[PDB]
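Asker: What follows is each chain in one-letter form.
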Amino acid sequence: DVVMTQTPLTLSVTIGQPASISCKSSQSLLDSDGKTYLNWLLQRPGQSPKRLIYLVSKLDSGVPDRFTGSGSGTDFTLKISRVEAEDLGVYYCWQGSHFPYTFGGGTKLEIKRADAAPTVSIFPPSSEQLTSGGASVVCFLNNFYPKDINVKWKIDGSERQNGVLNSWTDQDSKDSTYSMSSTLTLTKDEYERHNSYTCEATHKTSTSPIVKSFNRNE
Amino acid sequence: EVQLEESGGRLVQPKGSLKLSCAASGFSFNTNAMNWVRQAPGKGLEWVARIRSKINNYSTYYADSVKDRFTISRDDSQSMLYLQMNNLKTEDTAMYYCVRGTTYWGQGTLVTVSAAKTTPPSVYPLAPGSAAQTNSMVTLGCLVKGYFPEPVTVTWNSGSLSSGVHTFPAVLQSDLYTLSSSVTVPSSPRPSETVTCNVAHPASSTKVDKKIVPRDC
Ligand SMILES: [Ca+2]
Ligand SMILES: [Ca+2]
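Each protein sequence line maps, in turn, to chains L and H. Take 1 as the starting number for the first sequence in the authors' numbering and just add one per residue. Take 1 as the starting number for the second sequence in the authors' numbering and just add one per residue.
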């Protein structure tokens with residue numbers, strides 16, 4: 001099987017700045033008929049892939065001239081002259097020359113934006129949940145950048161590491177920011193024999209972390 | 001316009017069987033080679049199977065990992081592409097796309113191969129405890145816990161609240177998914193104007209509405 005190697009794995013580019021991505025094959029994609037079947041596809045978040053380039057350099061209909069495909073044999077390049085917000089997603093090279101028809105591992109194009117501190121919100125377990133025997137404490141860390149953040153959970157001043165589930169949104173379609181959800185799950189009993197619940201957010205925007213807390217009864 | 005619509009995706013037990021379908025329209029289906037491409041949760045694209053046109057006697061090709069287990073076929077009279085999958089394995093869990101040549105991709109159909117059983121979620125409102133009064137913006141949410149398989153969709157005020165919504169991807173903890181959604185609105189609307197999340201787990205035919213109500217005593 002032809003091995004398709006895509007680099008970089010991720011890149012972070014300022015809107016209006018150029019981007020160049022590589023795709024290499026373990027063997028020449030020049031087919032028996034003299035044509036080179038190397039496509040470039042873009043997968044936008046939540047969307048199915050869309051082909052941008054085919055036959056190394058041919059642009060698909062309704063694909064801006066900002067995209068340029070180049071190369072031959074085993075070495076291929078996708079270049080974006082100046083990036084736009086809509087370019088964010090994972091780019092794939094797909095070879096159709098030799099069977100099995102292989103794909104590169106993907107290159108995630110991220111939009112570089114200014115730093116932004118998260119806005120933090122804390123939520124106690126709902127009554128619905130307590131009645132069911134579980135207790136989840138939630139923290140939303142909204143509209144921050146960069147993605148890299150640390151969330152610390154504290155029960156009556158003491159740090160809890162187990163029962164913590166974290167999820168990040170994709171870059172905001174208008175903002176390019178991230179949001180994050182941090183769920184601390186503990187038994188209804190454990191929750192009730194404790195009063196102070198705190199989530200601490202350490203982001204590069206401040207040396208001091210963003211703290212949000214609540215007390216069962218106040 | 002060219003349309004490719006996949007049908008069939010769902011939860012199957014390991015060693016089980018599932019047939020996927022793809023309805024093609026807006027092009028000469030009978031003159032096109034058709035492919036199936038899959039994408040494992042959070043992974044890259046993986047080519048699965050290819051079928052040539054009638055002119056090329058419907059020759060079929062398969063990736064090594066699915067050869068002898070998967071059967072690609074087509075019904076030109078109905079412009080239907082099919083993928084019969086026998087002896088399913090957990091690593092076959094993926095979103096399956098119908099592709100016209102290497103040109104147009106359908107929406108995809110999710111296939112979950114697991115011993116875990118269909119479990120509807122529990123829908124919990126996220127309301128602030130006694131949080132900051134003169135806070136111009138108020139953040140509310142919905143915690144959607146203990147479901148299987150994916151997906152789950154969250155909508156706020158039946159799709160009216162679009163701006164200010166953050167939908168967090170599901171995280172699988174112990175054969176059960178957990179997802180959350182948040183909504184940020186001015187302090188003028190809620191509490192006065194009600195806030196409700198609409199949760200749908202199609203796999204268990206669950207549609208749950210949770211009104212976000214201020215925390216009582
Ligand atoms: Ca092989
Ligand atoms: Ca060939």
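Don't read these hints as lab results, they were simulated from the structure. Don't take each hint at face value.
Calculated cross-link-like contacts (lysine to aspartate or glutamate; reagent style EDC-like; alpha-carbon spacing at most 20 Å) [what the hints assert, rightly or not]: (1) L:188 - H:46; (2) L:212 - L:170; (3) L:24 - H:46; (4) L:154 - L:128; (5) L:50 - H:216; (6) L:204 - L:110; (7) L:108 - H:5; (8) L:50 - H:5; (9) L:154 - H:1; (10) H:207 - L:128; (11) H:43 - L:192.
Asker: Taking the numbered hints from earlier one at a time, note which ones the structure violates and give those numbers from smallest to largest.
Answerer: 1, 2, 4, 5, 7, 9 and 11
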